[PDB]
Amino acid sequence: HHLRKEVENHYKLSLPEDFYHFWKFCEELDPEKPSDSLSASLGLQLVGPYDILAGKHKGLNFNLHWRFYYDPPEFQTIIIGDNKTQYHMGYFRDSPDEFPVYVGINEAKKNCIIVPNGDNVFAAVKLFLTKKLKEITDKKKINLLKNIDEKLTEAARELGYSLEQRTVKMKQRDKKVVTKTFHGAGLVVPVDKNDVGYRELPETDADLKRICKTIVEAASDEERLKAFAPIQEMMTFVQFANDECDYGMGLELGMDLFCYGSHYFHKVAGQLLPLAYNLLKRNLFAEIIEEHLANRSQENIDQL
């Protein structure tokens, strides 16, 4: 596609082959409006990089474009669904220098959880379709979805794409996950044979969430200052961890605070996440998190 290098220059990210093949699939499906080809049948719409392939881009910050409230920098939205739940799908990359490891989904009006949904967009839409078909009570819609299901399956078969929700390479990546974080999709950082690269937080996730709850529910600013004391302490622990190259600890603390979702945590998360991503040489993610924390909206299409 003639707009390919424009996609990767604007996002500063490399897109996998499934991204481009799926565009051609949707073009054939509805050449008048490829990004809306699944809208009547599935309630889905292609967005983010697809907007560039569609030429819809012709101040424009693609680090924020269709970035929903709980999308960590690893998560790049490509498809949106029901706006009542803010259902959407995105490629998930552990590093800006790698291809996506899978397609994740989140409902931003419900929670911060990122659910795996295949390792390519053909799988992601097929899995969505299978689930959507369970709700359909109209014979014409049933017929339409079965046809689309047949086309997706054959296209995936011809390209050699798995249609499984979790593939082998995905289950292999989970072996590298040093912690789940609050969103459950996992952090992957380099860890050498002496465990250097990561160390655990002093609190469990349930206890960290309890600490966060006492901060947001503090009845006065003085009580909130006191409720912050365990966070301030953990940030000191992160500084020591950074001095000994255990960069993943501050990444995990910052990610959990971001995922909890309170504006009371934007300042500390802005002190943890940019530094951690820079120390990990994931500089683009440091840019994304800075710009997102400065503009963490519930409306996010940069094309207005």
Second form
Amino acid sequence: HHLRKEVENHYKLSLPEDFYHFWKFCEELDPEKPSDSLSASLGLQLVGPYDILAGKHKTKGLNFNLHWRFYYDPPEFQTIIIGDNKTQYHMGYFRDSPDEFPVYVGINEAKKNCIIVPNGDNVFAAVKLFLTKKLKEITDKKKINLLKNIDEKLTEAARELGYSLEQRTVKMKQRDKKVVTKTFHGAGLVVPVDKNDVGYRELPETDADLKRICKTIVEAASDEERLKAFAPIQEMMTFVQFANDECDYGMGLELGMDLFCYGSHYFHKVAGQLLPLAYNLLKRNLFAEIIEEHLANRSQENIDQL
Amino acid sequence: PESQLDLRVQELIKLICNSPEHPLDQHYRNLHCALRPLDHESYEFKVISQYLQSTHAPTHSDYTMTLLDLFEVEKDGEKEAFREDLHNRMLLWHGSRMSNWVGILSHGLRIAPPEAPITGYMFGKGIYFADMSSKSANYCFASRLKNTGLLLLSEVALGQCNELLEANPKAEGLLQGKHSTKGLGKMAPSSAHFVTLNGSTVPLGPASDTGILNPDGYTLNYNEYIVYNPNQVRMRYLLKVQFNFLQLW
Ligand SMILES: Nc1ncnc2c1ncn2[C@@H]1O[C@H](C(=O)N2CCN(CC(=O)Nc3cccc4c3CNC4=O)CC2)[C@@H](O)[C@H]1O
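Compare with the form deposited without the partner chain: the form solved in complex with the partner chain:
Now the complete complex, all chains and molecules, led by this one.
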């Protein structure tokens, strides 16, 4: 238990039991360098909070809210595993609230899109599902044999700890019932809703209509034309203020989250007025910290250890 | 064809609009509403300016407001129609789109239109007011291009308030003899800082905790005031305000 606290103090988040157990699993694969134990076979490397566990942090300004934070990582998403750097595939724990344990493991290809796909509810499941998928493309007998052997240890190890290997578990199907909207990335927002439906209201535009509005902004041929194109966003931002006054905090969270996900720097400012505020009102103060620092420093190269 | 009005009222009319009388002179005479400009040095401006800034709500951080010009409003007939009998006379905020001020100044404040409520109104079909300048100011829909708006200050005969913790579209039926609905918020000006202007209570800021909590969930951040008869409202001042926003992108 004693090496738990060095990881979690740096990130200001609690990590689930599968995070620590999986380290011991990877340690067993390679006692000398546990993090790259899956690197040759699967192209995966344990990173993020695993870098601290790996002792990679004792070389060093070091800001862990940005450490292995990819371009489209919302504050809910804390990277723990990286894959193909061509698609910039990586995996992260997803938390609806910094005060809860992660609700599942998500994956994104930051060079492809902003969508976060559920990939099991623990780090053991997420890699097993990937391994099964990688074996379908492999035509080489030694690599196939190596992956087949390791699969038995994961399955047996998962069985031994009582961890599900399903892509969507029961708590995941239960959390999906609480999802008040998907947003552009598809992973969903969870906010508290009381007995009068207070906490969320829908946007005045469909997701398709919002995406359309943004394109006209980003493709505007002059700043004079962009300012005019902003009018529907400015209109929507006034309504979010109304929602905030009446405790429907989730509306500004969804609008801010969708603009971040669209990815254009023209939206960094408005998202910076919506998202910190939205997270603070929800008593998610840490996510407000993360999003300010990410919008101030959102890079396409992001290992603060280089 | 030459105008007879003061330049500051002249500038207002140009804003809300578009013979032997100038068209600017002509439109005002068709508002049937006295609008007398006040001096930037006057007691009424110094007090009203202080109301505006001290009740800018903490959660409305995307802009600040500068008071450009202040006008005194006396709507004819509104004084007589006014429920002078009623207590709780407060000077309260009402904000609205630029396109609405001719309607507002010509006919007084009207109740929520008897047309489509959508789902309904937060507290039924009445006239809405706030005690936080910036809560009302957000209803002007000002933008970086259109960064001038108006705020209305009105005497509001609140009388006996029906106090409510949560939303209710049928709030008007529940009045049963009381004279207005007040939605209680976590934050509001407190009576320690109240002041009087020309016989009306001015709920001066800064806002403080009000001690209100909904034991059944979400507690609103700020008060709202709703009257359901236009004779409980008497316009007194009209603020010409420039909204100063942050970096757009
Ligand atoms: N003769 C009249 N001429 C032009 N506009 C008129 C009018 N009578 C009412 N209105 C304007 O139409 C609108 C109206 O009735 N509506 C739209 C708004 N809606 C909710 C509401 O009023 N919320 C609300 C709540 C708290 C404060 C404030 C508001 C609005 N302005 C504020 O300062 C209630 C129904 C309103 O914005 C008002 O300004």
